[PDB]
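Once you have looked at the hints, place chains B and E with the ligands on chain C.
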Amino acid sequence: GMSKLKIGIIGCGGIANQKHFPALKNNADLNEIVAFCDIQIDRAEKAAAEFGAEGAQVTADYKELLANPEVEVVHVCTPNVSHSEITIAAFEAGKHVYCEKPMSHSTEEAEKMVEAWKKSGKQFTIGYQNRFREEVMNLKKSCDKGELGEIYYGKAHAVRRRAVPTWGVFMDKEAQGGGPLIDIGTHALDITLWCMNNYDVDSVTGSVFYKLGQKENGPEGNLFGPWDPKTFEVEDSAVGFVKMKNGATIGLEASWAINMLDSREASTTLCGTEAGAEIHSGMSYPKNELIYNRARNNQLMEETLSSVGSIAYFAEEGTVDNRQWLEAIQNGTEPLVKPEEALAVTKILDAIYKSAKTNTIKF
Amino acid sequence: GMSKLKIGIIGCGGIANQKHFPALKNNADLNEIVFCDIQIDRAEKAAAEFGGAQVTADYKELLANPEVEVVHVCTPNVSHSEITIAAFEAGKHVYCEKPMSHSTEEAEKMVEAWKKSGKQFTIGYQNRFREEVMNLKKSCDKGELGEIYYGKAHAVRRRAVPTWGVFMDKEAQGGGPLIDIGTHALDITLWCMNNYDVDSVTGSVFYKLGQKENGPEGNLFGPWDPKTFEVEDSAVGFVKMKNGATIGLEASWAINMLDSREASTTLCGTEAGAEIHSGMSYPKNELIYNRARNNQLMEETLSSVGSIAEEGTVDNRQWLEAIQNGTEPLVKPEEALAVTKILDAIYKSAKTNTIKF
Amino acid sequence: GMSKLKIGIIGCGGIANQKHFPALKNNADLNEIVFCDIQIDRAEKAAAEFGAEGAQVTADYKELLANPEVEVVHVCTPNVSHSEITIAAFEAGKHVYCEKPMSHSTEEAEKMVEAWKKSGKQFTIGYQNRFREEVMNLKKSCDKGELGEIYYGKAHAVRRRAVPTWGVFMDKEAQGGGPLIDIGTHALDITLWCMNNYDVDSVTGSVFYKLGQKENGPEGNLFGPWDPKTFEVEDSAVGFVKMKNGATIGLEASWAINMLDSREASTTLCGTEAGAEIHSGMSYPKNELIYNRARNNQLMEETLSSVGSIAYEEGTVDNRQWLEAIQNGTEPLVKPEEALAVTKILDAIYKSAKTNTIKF
Ligand SMILES: NC(=O)c1ccc[n+]([C@@H]2O[C@H](COP(=O)([O-])OP(=O)(O)OC[C@H]3O[C@@H](n4cnc5c(N)ncnc54)[C@H](O)[C@@H]3O)[C@@H](O)[C@H]2O)c1
Ligand SMILES: NC(=O)c1ccc[n+]([C@@H]2O[C@H](COP(=O)([O-])OP(=O)(O)OC[C@H]3O[C@@H](n4cnc5c(N)ncnc54)[C@H](O)[C@@H]3O)[C@@H](O)[C@H]2O)c1
Ligand SMILES: NC(=O)c1ccc[n+]([C@@H]2O[C@H](COP(=O)([O-])OP(=O)(O)OC[C@H]3O[C@@H](n4cnc5c(N)ncnc54)[C@H](O)[C@@H]3O)[C@@H](O)[C@H]2O)c1
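From first to last, the protein sequence lines are chains C, B and E. The entry's author numbering puts the first sequence at residues 0 to 314, 319 to 366. The entry's author numbering puts the second sequence at residues 0 to 33, 35 to 51, 54 to 311, 319 to 366. The entry's author numbering puts the third sequence at residues 0 to 33, 35 to 312, 319 to 366.
So here's chain C without its partners, still in its complex pose:
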């Protein structure tokens, strides 16, 4: 064995509760957390009564959770504009830090927290846990062996027909900075680049729509109940067009509300010189799908996942994301999600937003 890892958690809510806390508990052999911050201390204490170890810290404001020099790693499950604050310099006053999903809504703040990190000495990672799904790994591994050839056309799918989240921070334009483009669209673009392993941006064009978000009959049909139409501060959909310096191109579609039929998110579509591939996931897909396509021995074929069943008496990615995170600081290696990659992601989404000036942004 080897001691343990003393974890500090900042912000206890939606994805501290649905992803982060269960992830750590199912790897308790490597972690146990005292932490339990939040501006609202009511929740902070409750978590530390379920997942906090034998007598622990429970601060009401982070600045002194970071004081305790026995905590060694921090999980920033803030909202988005606090993502910079609680992380940049603040947390790396002597810690490794796991910041959540959209690294930051701003590119400058993101560039600040990568330099605060590069002097940290410690380690850093972002919550793109979808990389750890078995089929995304499968596709990533395939593109690493060049079995798709060289990818010259990619698509990032992050579409929802009417699945606007009405339960938390995602609609406060000030707390998260943007709408579905940086909510879910950041997941799909991360995989697309990661498999293509192309991060050298040249140009960016985009369009941001504000159409169903303010229509009276807008919330009609939304999965998560109605929402106040006269208070929609973000967008309902956005579409992107990014050209790389090797010539490759990526199209992006992101939305919470749009009258399209195929709700496909956390997915991508790659087109190489030897083969292609597409991943399927979202509201219209009860099971995640992976389909290669190529010409083999002069016939067009397609290779997909086979249906896995159970036996008489015998028979995930959030846990795999987190476990790999701890063993990373433990054995002293690199986590899978690299900080510079999440940086490339946010600066393009930002660039797609900044095409709110109706002009293509060259990099």
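There may be inaccurate statements among the hints.
Claimed, not checked - Sample of chain B residues lacking proximity to chain C, with all beta carbon distances greater than 12 angstroms (derived): (1) 4; (2) 39; (3) 41; (4) 59; (5) 93; (6) 229; (7) 295; (8) 303; (9) 327; (10) 336.
Stated by the list, open to error - A few chain C residues that face chain E, going by a derived Cβ cut-off under 7 angstroms, partial list only: (11) 133; (12) 137; (13) 140; (14) 296; (15) 298; (16) 299; (17) 300; (18) 301; (19) 302; (20) 304; (21) 305.
I should point out that these hints are in silico values taken from the structure, not numbers from a laboratory. We put the CB at the ideal spot given by N, CA and C, even for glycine.
What follows is chains B and E with the ligands alone, placed relative to chain C:
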């Protein structure tokens, strides 16, 4: 009317936790348990939620327990004969698991030991009590297939080696997937045909993917150490019976076929045909009759039952009631002995020759 | 320009009018016929449709062979004559294309190879389903070892109820067997060909005479009724063929059996690295081919994609490949030695009317 049978389970591992204990609890009105496993914490943990019952690590100490009236042996296959025979049939009714034993002659000793006892004996062939298997069984007993001359036994998994115990230890199991899941399919097949007159047996045993480095990739039950794969990964047989009927058999834990169909049978008759579908490629067990009717080819299948707002339990209940009321359990030991005889003859084609009966 | 090969047809029967005549007119630039059929009005009518000017129409094959103007002979008589019309004769000046099974007899077959080697001429057998695009796809992938070593295979030649009620197939005199040599030939040829294993060590089979003479057997037959009182041949058979490298091949063949899946001219292969199966027959409106393997710790399957929109066969592919190999002096795809192993094994399965495994 009748007081609960007092049960002692030897072996508190996999099949004991997910088949026997829930079934015994479902039929709690006919039984109560008074626990054994050489990893004693397994026995203690089971004695905590299913049991002031005995909790030992020596099986010999449990058959000494005079309060035990029925013993269930759910330890690996090699162990089956020692625990069951000259030991358990010391005034104890015995329910022995799935693979009677690995050897035709430890099995022949077990039967002999059972008949001396004057007690009750049966084997864990719970797949018989699936309603569609019962369905097929009733239809050939009625002869609605005619004479059955071709029967297929399906016991194939594409990639599902059991990795939670000792299934890959020839010293403790005696064999691989041939006697692990091929016994279920052969049991059903011969039981429906009511034929046990073996003429000849030709078989093959494959060692290909168990030790392959890439073998464990895609396994339902996590990876397996290729170094310590001491038994086969597939085997097929060809059995001829004296009435002219022929039985094909396919068994495997790992093989690159597409159709994972296990605990299933296919029967071609002179008047009609039928086939059972079950396994990892089937989210629902299926039963399909086929025949010509009014000069047109037809097929009869189970209709989709839904809602409005299992077989182990059925098997366990009829077992305890056979003991209580002094009747016959459904799976006769003679039937399970013919099966392992045929399975050992399939193996015994390590001599590259058709064993003849 | 290469001078057209002068073809002589022996047996102007059903296979000539469905396979050989339209193929030879589809490659009419490489050939021209110059027709023998004991039922002389068949040859005379065949010559009026596909013949070339003064064509030789006679009823004795030994006369056609004495035509100096013929150099390639297709033998499309029944199996009982597949040999003598091909051995001694035919291999007495000419190249010969003998039809589907080489012979019902094993030794009849081993002697037409000897007459072909002592000939210096070309020789191929009408196993034309090797030329279906999906069958070569599989053939190409195993040649490249992409399945690994194939240690277990299955040959599928099953029909639920499709006893051929026309032609010659029900006449045991002219064929020597039923579905085991009518369609089990095709299935086993493909299976051996992809495994590339023609080294037998054991054959165990069983032959069933059940629905064929049963009164209600003909009920629901796809081609119509047949009289069970005259039925001379089996309705199904199953075999268990072991090879020397250790591999195993099960085989299923039938015109009539009470199973659900009518799969014929198909194969299934399980290799050390991957597997594959082909689907063809009367339960398959379009041929299928499915590779199966593990790719990055996940089970996957690779199948042909649906082609459509049309615009804006294996019979003639087999024939051109055959004609060309003669002009260029190449060798045809179907090797005579391969076809010999096929009806050896099939004979060894039949030859379990001894209820004994016949070792090799
Ligand atoms: N699939 C994913 O990985 C995923 C999903 C949803 C959200 N996220 C990301 O995770 C973060 C938000 O997730 P959420 O849905 O749980 O939001 P949330 O509002 O439900 O949880 C955040 C909590 O932190 C508290 N908070 C606000 N400011 C704080 C501060 N300075 N210090 C301490 N606590 C503060 C709030 O009270 C709130 O309860 C964001 O960075 C978001 O973009 C990721
Ligand atoms: N669908 C079915 O019917 C089904 C399923 C699984 C297993 N089985 C059969 O049931 C048997 C047990 O297999 P399993 O799945 O439970 O794997 P398992 O290894 O988990 O169960 C065996 C347990 O018995 C214990 N054991 C070994 N030797 C012992 C001894 N002398 N005394 C006491 N305990 C001993 C082991 O510690 C183990 O916990 C096997 O013979 C197997 O073939 C049947
Ligand atoms: N898919 C295939 O490759 C396929 C299909 C059917 C038949 N075949 C093969 O082709 C042969 C049978 O052909 P068929 O189905 O057209 O039978 P068929 O009865 O329709 O035609 C055979 C003709 O040969 C003639 N014949 C018989 N003996 C002769 C002799 N000594 N001399 C000259 N002519 C003679 C007969 O007159 C008859 O017209 C067999 O070798 C059979 O196995 C192959």
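Please verify that the nearest CB of chain C lies beyond 12 angstroms from residue 327(B)'s CB. Holds, because the least Cβ-Cβ distance between residue 327(B) and chain C comes to about 18 angstroms, which exceeds 12 angstroms.
Would you assess whether residue 93(B), listed as outside the interface, keeps its beta-carbon beyond 12 angstroms of every beta-carbon in chain C? Given a closest Cβ separation of 30 angstroms, the condition holds.
Should the label of residue 59(B) as a non-interface residue stand, given a Cβ cut-off of 12 angstroms to chain C? 24 angstroms, holds
Hint check, residue 299(C) versus chain E [nearest Cβ-Cβ separation less than 7 angstroms]: At 5 angstroms from the nearest chain E Cβ, residue 299(C) passes the 7 angstroms test, so the hint holds.
Interface hint outcome for residue 298(C) [beta carbon to chain E under 7 angstroms]: 5 angstroms, holds
Reported absence of residue 336(B) from the contact zone with chain C (all CB gaps over 12 angstroms): Its Cβ never comes within 12 angstroms of chain C, the nearest being 26 angstroms, so this holds.
Close enough to count: is the Cβ of residue 140(C) nearer than 7 angstroms to one in chain E? With Cβ-Cβ at 5 angstroms, under 7 angstroms, it holds.
Does residue 303(B) clear chain C by more than 12 angstroms, comparing its Cβ with all Cβ atoms of that chain? At roughly 19 angstroms from the nearest Cβ of chain C, residue 303(B) sits farther out than 12 angstroms, so the non-interface label holds.
Do the numbers back the hint for residue 301(C), that is, is its least Cβ distance to chain E under 7 angstroms? Holds, because the Cβ-Cβ distance from residue 301(C) to chain E comes to roughly 5 angstroms (cut-off 7 angstroms).
Does residue 137(C) pass the interface check with chain E, least Cβ-Cβ distance below 7 angstroms? 4 angstroms, holds
Hey, does residue 229(B) actually stay past 12 angstroms from chain C on C-beta? 23 angstroms, holds
Confirm or reject the statement that residue 41(B) sits farther than 12 angstroms, beta carbon to beta carbon, from all of chain C. 18 angstroms, holds
Checked against the numbered hints above, the structure violates none of them.
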